[PDB]
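Please find one structure pasted underneath; my questions will follow.
Let's look at chain A:
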Amino acid sequence: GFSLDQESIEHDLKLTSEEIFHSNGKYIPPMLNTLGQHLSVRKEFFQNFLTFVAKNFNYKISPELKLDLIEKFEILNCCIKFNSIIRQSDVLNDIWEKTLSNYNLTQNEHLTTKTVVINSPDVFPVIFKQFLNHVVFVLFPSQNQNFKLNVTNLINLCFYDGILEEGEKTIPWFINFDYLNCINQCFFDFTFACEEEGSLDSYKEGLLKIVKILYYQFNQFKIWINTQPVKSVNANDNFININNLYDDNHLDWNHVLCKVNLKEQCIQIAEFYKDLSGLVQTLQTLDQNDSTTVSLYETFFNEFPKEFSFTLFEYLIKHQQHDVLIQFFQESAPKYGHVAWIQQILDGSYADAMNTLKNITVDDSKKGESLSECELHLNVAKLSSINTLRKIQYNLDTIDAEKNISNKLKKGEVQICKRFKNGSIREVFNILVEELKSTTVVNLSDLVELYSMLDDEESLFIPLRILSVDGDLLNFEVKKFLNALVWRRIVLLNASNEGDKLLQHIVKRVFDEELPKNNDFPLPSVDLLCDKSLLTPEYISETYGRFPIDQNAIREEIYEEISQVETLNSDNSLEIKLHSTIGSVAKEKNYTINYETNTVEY
Partner candidate 1 sequence: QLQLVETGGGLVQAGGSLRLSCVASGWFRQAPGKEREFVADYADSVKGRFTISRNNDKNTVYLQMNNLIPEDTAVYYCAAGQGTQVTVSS
Partner candidate 2 sequence: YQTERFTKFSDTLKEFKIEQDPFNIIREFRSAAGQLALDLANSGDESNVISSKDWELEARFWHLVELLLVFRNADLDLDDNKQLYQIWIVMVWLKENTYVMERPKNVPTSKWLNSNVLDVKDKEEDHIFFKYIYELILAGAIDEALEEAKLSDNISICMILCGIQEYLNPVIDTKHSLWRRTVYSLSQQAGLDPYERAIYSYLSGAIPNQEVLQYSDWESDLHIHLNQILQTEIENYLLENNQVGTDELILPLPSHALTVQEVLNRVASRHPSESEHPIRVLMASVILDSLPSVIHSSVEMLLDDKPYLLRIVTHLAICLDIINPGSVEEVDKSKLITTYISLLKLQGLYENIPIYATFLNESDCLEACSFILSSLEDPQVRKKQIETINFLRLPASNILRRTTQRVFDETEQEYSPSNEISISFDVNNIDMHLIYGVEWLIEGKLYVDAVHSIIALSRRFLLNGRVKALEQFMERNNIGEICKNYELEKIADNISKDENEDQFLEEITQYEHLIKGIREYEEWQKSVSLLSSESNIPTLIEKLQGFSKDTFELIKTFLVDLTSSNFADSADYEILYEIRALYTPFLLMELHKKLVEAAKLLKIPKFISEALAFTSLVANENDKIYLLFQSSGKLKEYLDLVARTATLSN
């Protein structure tokens, strides 16, 4: 009760102090000019009294609320001094004041701008933000020295409100909102001075940048601590919404700009700022990741100093093998990706074995540069000596296929698949040329799709070999659809090349290499090739998900490719045309037809 009555007397004094900080009755206003300086010095002297008298006198959050109310009037007083300097600039200030004028008249009427600073002139930050937003077309429009010579004064004016926080012995939502909306425009400052850089002249503006970097550092490293305090205190994330949108987007964008500013800095200034402001550990480290040198003098001392840097451990994931084992890969980190071949760590390492298994299973999704994993899948197989047979098959098939495919492709030995013409439904030709040109066949994920492209019969022949060797991966439906598309291409070429001479080499190559004994290769048939039961939108979206073309076009292309044969097979001639052939080839050879399940025996 007594503290509330004293707080009421102080609030009445604060209102009279706000009027006294902007205008005072005792002094003669007419005498001289706007005594903003004296109006401020009065409240400044009174602040020492308020502090000495309210020694301790803290109750709940009343002392913190009073300390926060102090900054509502102490900070504004330092603006008119800039006005004085701006009154030395005059033409800029008058154009500014007048602009501010229109602002108020459009924003809150009240006879445009009158420099009475009624109600503590809170709209001063809004006018500042509007002017900063208009400087991107007015001054960006004006030279770096001009805008460069201009922004320095605003920097020095803003940089005078932190020396009072260390003088009040600083240990609510209003405290979080006292200086937060200005972050919506502060980021428009550094760039405006840094984009000009040395105004395209370094040998003379190195000093001009060294004398100004202080303001940028003091703004960033101090304004940054308010966010996490406000966020932990307010817990707005829940509502989140426009406050969080502004806040979080500004935070990411400021992390990007504070790191480049940290890079473009004088020696150890960022290093001191990294130690002084415990924030942006990543940007600090980016400046600190041996940007200057690899000298064991300063670096070991800075390095050792991190101490509690769990965050630094995430530093090693930038681009080695130091830090006294560093608890292996930062306790083996999480998902290694490529760092997994590095996680060999001079050991057999079961993870390193799963790591190349993880390299194939990570070729599954959005992979690149397989030649590492390709040589490293072979290398991990060597390191090792169920999953072993699968890995050996994957290695052999994928490697030989990617090699032969890139060779024949870049080689262009087989000129073209003749039938396709002017069809959007298949840009796989260009996709595959791009793949073959770089990145170890761009990791070569769509090994399935590759074989589909057929330009010479010799290049097309191999597919069923991989299908009967390592086809333990896809579903039976996928494997059968592949084989059916292959047989359909064969039929479309063999009806045209008079005699159907394409099958007469493949029926022999499949039996002279002994593929049926080590591979239960399913026998193709008229029903097996004209089998549309494996045509579903889910399988379509899974197989052809890379190309962002409408699935209807691919469905129409596939239906045409199936119906051409479904119509050409009059009286089902193809049936005989295969049965007689395969059975005449596999006659003297240890092979018999297994009409129970359409397979080959011995």
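The set was built so that all candidates are chains of the complex that A comes from, given by their letters.
Quick note on the criterion: contacts are C-beta pairs under 8 Å (C-beta built on N, C-alpha and C of every residue); 3 or more make two chains touch, one makes a residue touch a chain; residues count from 1.
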Item checked: Complex member touching chain A, one of 1 or 2 -> 2
Note to self: Show me the residue ranges of chain A that touch candidate 2 in the complex, using the header's touch definition.
What the structure shows: 319-321, 341-342, 344, 346, 371-372, 374-375, 378-379, 381-383, 395-396, 399
